[PDB]
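Just one chain follows, in the form solved without the DNA, and it is written as structure tokens.
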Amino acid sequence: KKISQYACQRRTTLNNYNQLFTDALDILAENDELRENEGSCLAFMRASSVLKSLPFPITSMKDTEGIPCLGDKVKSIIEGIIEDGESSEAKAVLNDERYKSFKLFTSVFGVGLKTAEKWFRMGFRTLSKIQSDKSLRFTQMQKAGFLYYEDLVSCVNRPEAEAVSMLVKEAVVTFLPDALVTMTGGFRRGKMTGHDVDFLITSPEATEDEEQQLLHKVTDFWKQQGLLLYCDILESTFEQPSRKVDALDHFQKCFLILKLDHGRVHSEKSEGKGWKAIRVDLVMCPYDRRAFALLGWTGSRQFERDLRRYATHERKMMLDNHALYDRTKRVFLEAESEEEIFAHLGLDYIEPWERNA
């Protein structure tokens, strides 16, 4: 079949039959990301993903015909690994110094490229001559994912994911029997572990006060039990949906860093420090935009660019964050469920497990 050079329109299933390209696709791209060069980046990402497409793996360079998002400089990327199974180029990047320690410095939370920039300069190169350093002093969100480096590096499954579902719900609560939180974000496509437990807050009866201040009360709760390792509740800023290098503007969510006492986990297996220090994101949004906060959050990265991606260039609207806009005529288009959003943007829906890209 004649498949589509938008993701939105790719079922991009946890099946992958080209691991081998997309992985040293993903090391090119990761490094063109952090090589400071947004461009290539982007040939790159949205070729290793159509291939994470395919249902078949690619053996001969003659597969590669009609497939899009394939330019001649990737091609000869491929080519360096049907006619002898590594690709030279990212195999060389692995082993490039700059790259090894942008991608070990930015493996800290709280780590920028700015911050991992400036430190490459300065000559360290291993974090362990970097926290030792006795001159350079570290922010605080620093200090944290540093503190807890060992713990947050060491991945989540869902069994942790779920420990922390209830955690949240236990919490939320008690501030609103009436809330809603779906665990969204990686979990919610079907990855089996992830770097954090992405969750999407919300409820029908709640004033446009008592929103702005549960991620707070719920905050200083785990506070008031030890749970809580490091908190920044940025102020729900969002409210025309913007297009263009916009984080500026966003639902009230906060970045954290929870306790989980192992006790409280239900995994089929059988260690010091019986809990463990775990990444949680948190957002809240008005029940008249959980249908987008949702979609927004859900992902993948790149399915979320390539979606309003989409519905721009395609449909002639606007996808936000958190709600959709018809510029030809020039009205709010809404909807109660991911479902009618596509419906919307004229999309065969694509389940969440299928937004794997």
Given for the second form:
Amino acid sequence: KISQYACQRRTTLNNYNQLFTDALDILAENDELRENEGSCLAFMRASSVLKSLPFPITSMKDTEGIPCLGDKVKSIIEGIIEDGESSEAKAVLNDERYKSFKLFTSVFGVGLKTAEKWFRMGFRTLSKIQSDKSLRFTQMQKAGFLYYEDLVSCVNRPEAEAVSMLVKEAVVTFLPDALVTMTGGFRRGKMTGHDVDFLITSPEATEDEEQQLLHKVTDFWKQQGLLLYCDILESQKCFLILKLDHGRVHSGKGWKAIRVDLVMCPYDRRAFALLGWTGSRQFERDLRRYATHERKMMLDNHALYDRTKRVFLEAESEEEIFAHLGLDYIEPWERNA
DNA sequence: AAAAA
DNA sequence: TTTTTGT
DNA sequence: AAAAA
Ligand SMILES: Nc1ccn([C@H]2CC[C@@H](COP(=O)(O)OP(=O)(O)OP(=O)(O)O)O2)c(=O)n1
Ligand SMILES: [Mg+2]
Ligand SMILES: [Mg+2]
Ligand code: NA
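Would you mind generating the form solved in complex with the DNA now that we have the form solved without the DNA?
Full complex below, order starting with the chain above.
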């Protein structure tokens, strides 16, 4: 029996149902834009379950017993079985609102609210937005337009590794006992990503040392001329754009703009932070949903709390978090829900 | 949109 | 039916 | 702020 929870499924990058999931991902994205949160999440859960299947759906009998596939979703699957295409997803791909939202939000610093604003103003192209004399752009959007081609090309493994070296070299300069772990997609075995994410922790650093590290590391990069964009969120994390010199990559202008995210956590909470930052987003949502609805527990990136026992559960590894929740251990490369 | 309360 | 959906 | 991350 397949579980409705991603945290009770093993999802690798070997997708046998991309015909169905690409259509479901488009329908979900449209519902996000139309502020239909419920319908959006239902199409995301249906897409996630199909990604876990060890075989391709070739008939409607194949969908029997699979959870998260209600009547609406089964109609979409039936249509794709019929002629290899989704008429519903095709209509979304040709919709002017959907096309504008995809194009506008492809800019770093532009989300659903700004994309909706520009569409209602009558904008349809990035050229018309950038050249407009009345529009005022945030610092994030200015960086998003300036480094657009580099950021839209995404990041490969040689680039991510080159970035890992830069992060580790900078971090150990200020905290020599610090542990730096690449998280996100790359930890789950992905070949590419929209960014490179890292978790930093130190077993001997003080409360003040822990607080100052991200400021020290980003100032160091600013001094080198490598910091293209920086936003530090106090507890603690930062959203960056780094200048990655081609010579650093072991695989034009001679460099590439790379989106990098850094997270600093207290040593004793490192397992919770690693689990939260490894992802996928769907795996994390279902872990938290399972904890709440199935175990009466509260899970977040910092802790696990048992509401019945009225106690915080400690963990030195991800394996211990899974054991507390009563879940079989899912490896990082199996969390691609 | 699907599943549970 | 209403509520929940990653507080 | 709100928005974006
Ligand atoms: N809405 C989100 C977004 C992110 N995360 C967590 C898990 C993934 C980790 C990385 O965030 P992203 O870098 O956006 O996700 P990604 O899994 O690494 O995908 P990509 O490789 O394209 O960056 O943060 C999350 O829990 N919920
Ligand atoms: Mg990432
Ligand atoms: Mg990210
Ligand atoms: Na964006």
